[PDB]
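A.B. asks: The residues making up each chain are set out below.
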Amino acid sequence: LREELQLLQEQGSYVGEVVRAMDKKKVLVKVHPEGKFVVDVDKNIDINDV
Amino acid sequence: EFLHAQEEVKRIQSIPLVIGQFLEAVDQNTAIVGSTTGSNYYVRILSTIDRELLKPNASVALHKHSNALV
Amino acid sequence: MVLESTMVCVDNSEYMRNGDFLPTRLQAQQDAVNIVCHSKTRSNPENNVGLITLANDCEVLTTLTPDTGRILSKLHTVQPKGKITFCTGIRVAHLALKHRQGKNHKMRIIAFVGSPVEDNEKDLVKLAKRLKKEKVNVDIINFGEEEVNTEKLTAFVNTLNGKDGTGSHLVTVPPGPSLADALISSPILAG
Amino acid sequence: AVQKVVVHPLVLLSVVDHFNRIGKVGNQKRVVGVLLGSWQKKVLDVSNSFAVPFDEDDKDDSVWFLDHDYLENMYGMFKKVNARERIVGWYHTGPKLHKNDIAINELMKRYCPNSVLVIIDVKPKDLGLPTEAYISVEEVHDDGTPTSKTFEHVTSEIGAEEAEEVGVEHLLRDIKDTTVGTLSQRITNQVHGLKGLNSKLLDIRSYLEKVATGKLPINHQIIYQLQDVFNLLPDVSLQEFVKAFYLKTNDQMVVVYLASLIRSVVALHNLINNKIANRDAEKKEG
Amino acid sequence: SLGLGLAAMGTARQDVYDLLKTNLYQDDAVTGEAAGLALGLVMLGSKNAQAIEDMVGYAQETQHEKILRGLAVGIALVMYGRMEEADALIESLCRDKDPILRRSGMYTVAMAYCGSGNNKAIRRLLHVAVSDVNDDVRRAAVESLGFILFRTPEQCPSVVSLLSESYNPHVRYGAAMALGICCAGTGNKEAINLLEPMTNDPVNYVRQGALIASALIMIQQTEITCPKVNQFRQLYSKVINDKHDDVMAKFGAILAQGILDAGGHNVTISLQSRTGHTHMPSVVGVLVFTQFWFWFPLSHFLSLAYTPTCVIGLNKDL
Amino acid sequence: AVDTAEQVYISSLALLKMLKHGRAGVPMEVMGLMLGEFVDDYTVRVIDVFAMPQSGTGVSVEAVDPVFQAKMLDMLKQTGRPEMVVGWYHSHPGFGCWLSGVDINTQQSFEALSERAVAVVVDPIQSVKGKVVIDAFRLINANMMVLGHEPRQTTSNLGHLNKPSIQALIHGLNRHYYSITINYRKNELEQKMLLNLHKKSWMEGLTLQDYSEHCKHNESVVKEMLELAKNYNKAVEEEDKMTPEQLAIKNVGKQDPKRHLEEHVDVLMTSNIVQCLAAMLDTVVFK
Amino acid sequence: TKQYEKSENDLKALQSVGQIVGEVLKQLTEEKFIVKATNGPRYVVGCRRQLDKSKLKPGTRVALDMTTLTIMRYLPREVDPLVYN
Ligand SMILES: [Zn+2]
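Those protein sequence lines, which keep their order, are chains A, C, S, V, G, B and R.
Once you know that position 25 of the first sequence is 25 in this note's numbering, the rest is easy, because the numbers rise by one and skip nothing.
Once you know that position 54 of the second sequence is 104 in this note's numbering, the rest is easy, because the numbers rise by one and skip nothing.
Once you know that position 89 of the third sequence is 209 in this note's numbering, the rest is easy, because the numbers rise by one and skip nothing.
Once you know that position 22 of the fourth sequence is 333 in this note's numbering, the rest is easy, because the numbers rise by one and skip nothing.
Once you know that position 309 of the fifth sequence is 906 in this note's numbering, the rest is easy, because the numbers rise by one and skip nothing.
Once you know that position 249 of the sixth sequence is 1164 in this note's numbering, the rest is easy, because the numbers rise by one and skip nothing.
Once you know that position 57 of the seventh sequence is 1259 in this note's numbering, the rest is easy, because the numbers rise by one and skip nothing.
Do not take every clue at face value.
Below, simulated SDA-like cross-link-like pairs (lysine to any residue); rule was C-alpha separation at most 25 Å, straight line [said to hold, decoys possible]:
hint, chain 1, residue 1, chain 2, residue 2
1, B, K1078, A, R2
2, V, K420, S, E271
3, V, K434, V, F361
4, R, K1234, C, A108
5, S, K283, B, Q1023
6, C, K114, B, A939
7, S, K218, B, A939
8, V, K370, S, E271
9, G, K644, G, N731
Calculated directly from the structure, the hints in this document are not laboratory data.
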């Protein structure tokens, strides 16, 4: 809990919403209070599953 | 030393705290909760109580920086 | 300047309420306290002087301090009624002199005895030999009435110190009317 | 008047460490200082304190003298840094007070209307909860003798607020805490009989001793009255105490039944879930 | 005084004990370890009476911790192979509330029982390895296991396997050291297996401990002995060439490369001669080498532990 | 010229005054002064801690009153121990105890009078109780930036001190500052009594008083408190008797929880407290 | 000449930064007070020893610390447009 606290202490963790997926392995992610972003793999989760 | 560890988990984060709006418990040890600022956050839940007082819809106190479920 | 800490003892015994000293022994010895406190002020600024009451149960009204305001404040409404106590009147001064900050300051005591004392000769000889080991020098000035041509106190001062020690001087007042400020003239010129 | 007092470990330590101050320089007597209390209700509370140089001559065995100017300056500093703190009385490390301590209170009674003196013990030995608390009152007497001032006992307890509990509990690193429900009540159960016995046994040896030596008074008056009060209770059946038997057991009736009620439930969840998680998890591995 | 005491170690000289007491009264802590270790070196195996009396009598009033540690290994080192003759002092060492003196009883009981499988020592040894508040004494407590049990290296991996999993890295460090010093004369693979996850712990210094321990298991043993030799040799250089790693952990990396390469690979360390008796310069050197942080010149005492392994066919004379 | 690992020896009396002076100042940062003795460069000890009076301007380099120091030092000279002051400490209640531009301004003032002058920060907030808490700092010389800044010797305590790192603000002090280790010393006699004082606090004075008052409690309203336990045992158990059936519906222990689950442990522990305090009756009331 | 030094000494007191205004929602315990800044965020925090719990009361405008986020001084009320009215 101490170490995990340290990784979530600075920025915490956000809540993403995928508006669209791209073939470049980069997935468009939109945050509600914020604008639209896009972020690359993410190898633990398969692209076809997104 | 385990009883002394309980004080290690109660030390964090102590005071002060920020109010947050709980959404739903996605899985064990972590759930998504809304900040009073309006930003929904993916948060690790404190280890002691994960269940009885969680409730689908309840106000919950979080840390300033981490926004951790306490 | 010479370093020392003086401790004055005002006489509140029930024999000091009479007006044999002009106008009264209360104001006579009060003016004596004024002249000695200003004398220590003109001597050294570092020397501090408290007061102690000998009669009844001895109590320190003012702890050792360089300012005389508190001393002059306690001289008033002192209610001088009680029995004189001597054997503990030197030891109280020594007791406040063991708590002193400065170790360079020598231990010095002045006291005014205006009433007869019941202290036996053996008690005073024990305190004489004790003050030799403690090196404490006490300068006494006898006031009021006592055994005619006071003896026990005189021999007490002589046997308290020796070689020289130049020393402790006991000035006995002669039985005659005079102003107090004129009685303190001889002790303030030379010990 | 005053009911009970609360003395923090911080101020208590502040007496002990000063005992280390005068310990190396010695020599005789005991540490004497002025206590700083905090009064929020009829219950009394102590937070900090300050030591004062004190020496008792022996000739003169009843001669006692304190520093008044130093008292003024130090109490003025503590009033400067803390407005809530004030002098509630004085303290000494004893271990046993002397007859001369009656006037010591009378001196500082000009500072505080009622000054409570607190004995403490720097070397823990016996017989239980430490320190002591005395209040200065005058009960006169039925004899019509001149008013005698005798200090009366005030119950003392060790406590703290928040931050003062931190360091105290942190520095021990010795015994389990607490632990409530298992080893908190049983250990104190033996403490009840042990601390009851030794208190009673030392004092009851005192009672037999008081009539042989220590007379006068001693006995009378306070002794015989409480004696008969001690003879007020035998104290058992006959009669109704016989009837408390089966209702005490009957209070145990439902408790044993509830015991056995949940004992089977513990064995239920444990054995069921474990035996499944044992054989059914091992069969997939091999 | 370290040169005088190491040169006269085991000689039981007299004049060295003279200037060592005035050096003990210099009151300086930086020379405290000098007087303390020298005093044990020259008196090694002599179980002197006034030596311990003066040392343990000087532990009280001194205000320094390095004089207390130097006297720790001092009174440890005078008492060698004395078996139960030293228990009378050991009782008083661990009963006392001084953290360093309880740390001294461990080294003392270590050298006095070296080569003995006496189980009477492991009762207090193990009990103090757990119930004690201080972490350094808990590390130095389990380091004694490899000193006494060096003759039977097969027991250490078994029994200490579970202590190597302890929650604090201090006991994990002592636990890696036990397998390091005890199994160094053997090619046991179980010890290596338990020292694999130790370098993976997120704690810094425990990884260092795994480096040196794994360096003692591989002395004179090439890749054909155990398959993890090259596995480890790439790790030693990897940790020292990465800037992100701690300087602490990368100290013991190059140090471990020095262990494997000691003497140009030609020499190794042996605590047990084939004759059946323990080699005291080896044991003494390594046991002082246990804590290299506290004094960096103490890392040179490991040179005495290096013994030549060679076949000498000298017929006679020159 | 010589830089080595350092160590702070604290007194049982010291910490207690630290956290107290710091608690009374919350939120506002206070100014304390550390008192002790310099034994050498690689070790230091604090044998005493005294509190400074607050000021309306706050923490500043001018907040130390020279006339107040000479007075207080008078009171400490006549005390058995007239030891020279060593350094200063200040509380940091609401954050992670980082040295600010006001702290550095008084660091260079203490480094000219005192060679070391260890900087100490104490806060009650960041720790419930059992933490060692506090902190300690030291000012490295800024004019040395051309030469090697990277000691020490005996790096053990250095490694344990710089850890955990532990966020960012903490790391922002690695430059221009370095911490210094803290370890308690005993003083185990007074510590032994200090344990028994708080523990005996829960115990009674005569010890037969509050236990017999719990015997007066042993039948109150305890038959009614046992009716409280009886309602918890009916109400929690008839809904915990559907759980063995529900385990067959979900198959088997997937999340969950409900709850409404367990809680009988606390009921059994309170009932056991009831039966033991009640078993004291036959011991006490009888003889 | 000396009045200027009086002003400059006032600057030394101006080295103390302000605080953030906030309204008292409720108090969970004596160590827990629920306060809400005018900006919208809520905070459960403590209080110092100068204030009284009875004098605070919910729905009271108070000033919170910049870091601890705790009450130091309070004000009864304020309103900026009315003065014009
Ligand atoms: Zn600051």
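A.B. asks: Against the structure, test the hints numbered earlier, and report the numbers of the ones violated in rising order.
C.D. replies: As far as the earlier hints go, 2, 5, 7, 9 are violated by this structure, in ascending order.
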